[PDB]
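> Here are the chains, one letter per residue:
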Amino acid sequence: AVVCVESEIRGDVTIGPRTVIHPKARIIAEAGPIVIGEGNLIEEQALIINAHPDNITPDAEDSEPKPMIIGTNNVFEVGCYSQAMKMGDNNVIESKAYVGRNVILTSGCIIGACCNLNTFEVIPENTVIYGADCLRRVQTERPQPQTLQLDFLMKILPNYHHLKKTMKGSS
Amino acid sequence: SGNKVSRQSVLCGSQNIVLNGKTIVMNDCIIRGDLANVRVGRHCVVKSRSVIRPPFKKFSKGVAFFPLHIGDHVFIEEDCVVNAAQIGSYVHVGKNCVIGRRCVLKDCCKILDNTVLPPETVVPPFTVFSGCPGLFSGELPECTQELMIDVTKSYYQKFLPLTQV
Amino acid sequence: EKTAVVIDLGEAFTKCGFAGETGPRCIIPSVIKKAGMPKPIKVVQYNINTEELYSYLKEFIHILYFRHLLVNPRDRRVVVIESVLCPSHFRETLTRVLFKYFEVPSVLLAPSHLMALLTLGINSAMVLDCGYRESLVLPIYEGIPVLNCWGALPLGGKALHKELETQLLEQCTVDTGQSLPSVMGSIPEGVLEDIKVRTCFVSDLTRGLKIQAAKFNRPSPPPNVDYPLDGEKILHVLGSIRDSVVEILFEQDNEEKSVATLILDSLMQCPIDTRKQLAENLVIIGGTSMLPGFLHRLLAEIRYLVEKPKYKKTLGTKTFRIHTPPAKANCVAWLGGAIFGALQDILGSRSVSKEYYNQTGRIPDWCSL
Ligand SMILES: Nc1ncnc2c1ncn2[C@@H]1O[C@H](COP(=O)(O)OP(=O)(O)O)[C@@H](O)[C@H]1O
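As you go down the protein sequences, you meet chains U, V and J in turn. Taking the authors' numbering, the leading residue of the first sequence gets 15, the next gets one more, and so forth. Taking the authors' numbering, the leading residue of the second sequence gets 18, the next gets one more, and so forth. Take the third sequence: its letters are residues 12 to 188, 193 to 232, 239 to 390, numbered as in the authors' numbering.
Among the hints, a few may not be true.
[To be verified] In silico DSBU-like links for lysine-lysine, alpha-carbon gap of 35 Å or less:
hint	chain 1	residue 1	chain 2	residue 2
1	V	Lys175	U	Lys182
2	J	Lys211	J	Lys225
3	J	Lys254	J	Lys50
4	J	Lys339	J	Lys375
5	V	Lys112	J	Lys349
6	U	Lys100	V	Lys175
7	J	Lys349	J	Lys50
8	J	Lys349	J	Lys278
9	U	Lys169	V	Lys175
10	U	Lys169	V	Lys78
11	J	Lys53	J	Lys375
12	J	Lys254	U	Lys80
13	V	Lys64	U	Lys178
14	V	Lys64	U	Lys38
15	V	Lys175	U	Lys179
[Unchecked claim] Interface residues of chain U toward chain V, partial, derived using beta-carbon atoms under 8 Å:
hint	residue
16	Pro37
17	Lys38
18	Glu58
19	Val92
20	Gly93
21	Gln97
22	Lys110
23	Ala127
24	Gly145
25	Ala146
26	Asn173
27	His176
If you're looking for bench data, these hints aren't it; they were derived computationally from the structure. All C-beta atoms, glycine included, are put in the ideal place defined by N, C-alpha and C.
Excised from the complex, chain U in its bound form:
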């Protein structure tokens, strides 16, 4: 993976292969061990979080001892954060996506612009939300978890592949 010197990580994060983190990739995985996936591209200005501390104060039996995870082809773009997103296969997060706490991001997840993810909501597969229309379950089969949106994600991943080699060569 492209372990960029500018990619600011924090804590024990046993990453995976092909997890090209771009410059200024501020993250935090200390209170929760976030394992990276295979085939993503952590862009600039991101924010990976782990175990929302006592500022919010979870006064509901804080005995978490649970680590975050990632998946394949789930490249998150700039602006968008990552508040412990239990992703999967090809769950791309576009610009300025306000990542929510308990959103088990399944496949075919196209996190649109300025779409604040729903806390404690099981993000099923094959669903792309609309921008202004929050929670729009539009394109139930067009944004299909496999062969349609994941195929488009692997197609967008090609530019990420060329950029992965280019960033590994430019550094």
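Once you have looked at the hints, place chains V and J with the ligand on chain U.
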């Protein structure tokens, strides 16, 4: 040139940024100029805490997302997001906005604050855009466009040296 | 030659298009999205300042021709699809915007049922318009719209929206962010309308009897799908709820006030000829009528109400053959306006000349002089 270099000027590989005359070099933003190009021009006015970066450099076999496209003497606001867009000259940008996918704005085309556009967006000359999806607010007045361009360059050169170390 | 401006109107919407235009070019409501004002201010306003309305008219009509037409209508006429009961003074305010402000060639006022008669190409007709806030039945005696026999009652979808908000007060399982019964204050009725468009199915007449059982002494709530609103607001609504709002359209206990009552009695004032005529000369218009499973359940109840004691004797055995709209019942009225403005240039004499309004400043309505 006219853009007085700010004290906190920082970016990640900003190799494509012009020293625009009568402008104001603002801090707290970012620029991926080493990735691809950006069409910068003089007499413009850019705000701080922006999110600027080139989309791509036509990364496909044919022609994918281009670098950018913008103009001169434009009135750029703050916190906007630029991604796969094609802007024009003397355009009044919106605050905390976002560039739509494959966007295309002509010269003096006004932009609404916190607005975005859907895939394959377009805008006409001196045309005001709006909506979260690709929408048009209306049209911008040419007299008001040139006035905003001149006032933008004036205020840019005025507040450009404000602690711009 | 020239394609007259056919403009549909109404309590809820305002559509338009060219003369003979076959297709909904656009659909504009009967409101004006006022700049600065967060909500689109309506135009269906009564006992109100006609001057601010005059401003609404100028701006709105201006951009309105820019919406449906994108060109100045000073070349051709304008088909004004009106309907009775609107303030004629307000209508003259519209007229002064036209002539006194935009200087249009000439216009003409015609009711909706008239254009419906134009669509069917028939002469006598017993047609009801399912208006937004009201009900509007209008009989025609071989091209002569009957005056003393009619239908006009505050019996439209607006009262049904009030009933919907009442259901929102009752049935509300809006999740946290998990009931939240009407914790949120106002409701967007336009959003509620499109919710009805995608949800308000209509039951059976026997299911109407089931709703009667739901009133006193519960059956078949499905088909029913919940409604998720953005911002963690998901709530479920039974099918019996929307069907109850549909079925309450005929509360005749101690008042004998309903739709069929109005229709039947309007026919009761008709003479012998008109009785059998309107029995066969029967059509129904209005957008609100276009509901899934309502027209046939409706018709079945109409035929049932023929068995009401004072109607078997009097009306009874009459074939109630009904004409059908070739398109969407709402748009069919606008289509009839398109029919009139399409091939009738000769009828410009009947159209209100600008000249008369210039030399007059008024238009005498159906009154003297
Ligand atoms: N397909 C439909 N189903 C149900 N109701 C509809 C449909 N189309 C229109 N309506 C409603 O029926 C009414 C007829 O439209 P319109 O001509 O605007 O009525 P009005 O003349 O009272 O404004 C409107 O309230 C509209 O919302």
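> Indicate, hint by hint, whether the structure satisfies it.
Taking the hints in turn, this is what the structure says about them:
{"no.": "1", "hint": "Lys175/V with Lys182/U", "result": "violated (42 Å)"}
{"no.": "2", "hint": "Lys211/J with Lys225/J", "result": "holds (21 Å)"}
{"no.": "3", "hint": "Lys254/J with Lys50/J", "result": "holds (22 Å)"}
{"no.": "4", "hint": "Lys339/J with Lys375/J", "result": "violated (47 Å)"}
{"no.": "5", "hint": "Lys112/V with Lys349/J", "result": "violated (43 Å)"}
{"no.": "6", "hint": "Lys100/U with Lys175/V", "result": "violated (49 Å)"}
{"no.": "7", "hint": "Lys349/J with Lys50/J", "result": "holds (28 Å)"}
{"no.": "8", "hint": "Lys349/J with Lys278/J", "result": "holds (28 Å)"}
{"no.": "9", "hint": "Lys169/U with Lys175/V", "result": "violated (47 Å)"}
{"no.": "10", "hint": "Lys169/U with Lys78/V", "result": "holds (12 Å)"}
{"no.": "11", "hint": "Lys53/J with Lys375/J", "result": "holds (28 Å)"}
{"no.": "12", "hint": "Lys254/J with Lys80/U", "result": "holds (29 Å)"}
{"no.": "13", "hint": "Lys64/V with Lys178/U", "result": "holds (31 Å)"}
{"no.": "14", "hint": "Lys64/V with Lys38/U", "result": "holds (21 Å)"}
{"no.": "15", "hint": "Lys175/V with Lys179/U", "result": "violated (44 Å)"}
{"no.": "16", "hint": "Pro37", "result": "holds (5 Å)"}
{"no.": "17", "hint": "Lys38", "result": "holds (5 Å)"}
{"no.": "18", "hint": "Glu58", "result": "holds (6 Å)"}
{"no.": "19", "hint": "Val92", "result": "holds (7 Å)"}
{"no.": "20", "hint": "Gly93", "result": "holds (6 Å)"}
{"no.": "21", "hint": "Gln97", "result": "violated (19 Å)"}
{"no.": "22", "hint": "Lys110", "result": "holds (6 Å)"}
{"no.": "23", "hint": "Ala127", "result": "holds (5 Å)"}
{"no.": "24", "hint": "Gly145", "result": "holds (5 Å)"}
{"no.": "25", "hint": "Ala146", "result": "holds (3 Å)"}
{"no.": "26", "hint": "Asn173", "result": "holds (4 Å)"}
{"no.": "27", "hint": "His176", "result": "holds (6 Å)"}
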